[PDB]
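The chain that follows stands alone, in the form deposited without the ligand, written as structure tokens.
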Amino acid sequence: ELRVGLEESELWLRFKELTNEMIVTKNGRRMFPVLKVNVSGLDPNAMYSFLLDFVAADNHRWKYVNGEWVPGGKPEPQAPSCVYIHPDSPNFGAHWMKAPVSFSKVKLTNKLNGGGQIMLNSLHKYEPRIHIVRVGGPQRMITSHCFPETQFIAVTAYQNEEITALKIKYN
């Protein structure tokens, strides 16, 4: 059975207990912490591409009101985010299983942009998700996995200084 684990869940959970925030910029900002995934149970010899996307966890706009995040009352449907291809893709199962798959080069933006960067809506909550796509073979297959521990709200600047302090402490 294909197994997907989050690396450094210890640390993600500290961020999650505070409500995590990720900066978005017009040019695109890399994530901290970085999503790193442990994968076992692939065919060492089969070909796979890793995809990362961000699910809108709810349909609301969030605001930091008197030291607390609180959702708006006017939900709107959220169009799905674009997919980021891990730059090691396509690659053999052995490649993906020899070390945690690290999405260190994805950039989060608030503006529709050339290529690479993934556009999110500021003040929406997101749940990172990967797709593992078996390619080249006769039988295409997709395995998907969400990471609730890695949920964050997209922000143009940090609101909760406890997040700011954790970000620096651990970078």
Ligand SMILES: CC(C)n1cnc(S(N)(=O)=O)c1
The other form holds:
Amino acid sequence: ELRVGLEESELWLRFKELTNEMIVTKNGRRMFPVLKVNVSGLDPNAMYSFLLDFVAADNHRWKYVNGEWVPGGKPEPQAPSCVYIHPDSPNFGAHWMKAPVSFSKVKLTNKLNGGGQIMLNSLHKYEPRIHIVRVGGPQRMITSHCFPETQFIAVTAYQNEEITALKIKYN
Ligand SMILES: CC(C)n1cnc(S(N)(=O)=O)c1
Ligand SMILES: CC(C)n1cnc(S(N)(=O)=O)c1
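What I would like now is the form deposited with the ligand bound, since the data block earlier showed the form deposited without the ligand; can you produce it?
Below: every chain and molecule of the assembly, starting with the one above.
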């Protein structure tokens, strides 16, 4: 069976228990922590691409009011995020299973830009999601996996200083 697991869940859970925040910039900012995924049960000889996207967890705008994150009362439909292709893609199952698949080069932006960057609505809450796409074979197949532990609010600067301190402590 195709098993997908989050590497460093212990560390993600420290961020999540504080409400995690990720910076977005016009040029794009890399994530900390980095999403690293443990994958087993691929065909070592089959061909796969690893895709990353961000699902809007709710339809609301969030604001840091008196030391606490609180959703707006005016929900709107959230357009789905664009997909980031892991740069090792396409690659053999063996490649993907020999070390954690690390999305260290994805950049989160708040502006429609050239290419590569993922465009996120600031003050929206996001749940990272991967797609494992079997390619080149006759039978195309997709397996998707969400990572609740990795939820965050896109922010142009850190609201909760406890997040700022954790980010520095573990980088
Ligand atoms: C606003 C943000 C979440 N977004 C960026 N691109 C999309 S799209 N056209 O649905 O791929 C949505
Ligand atoms: C640009 C606009 C959406 N915004 C206002 N404040 C933030 S912040 N620093 O992320 O809380 C973003």
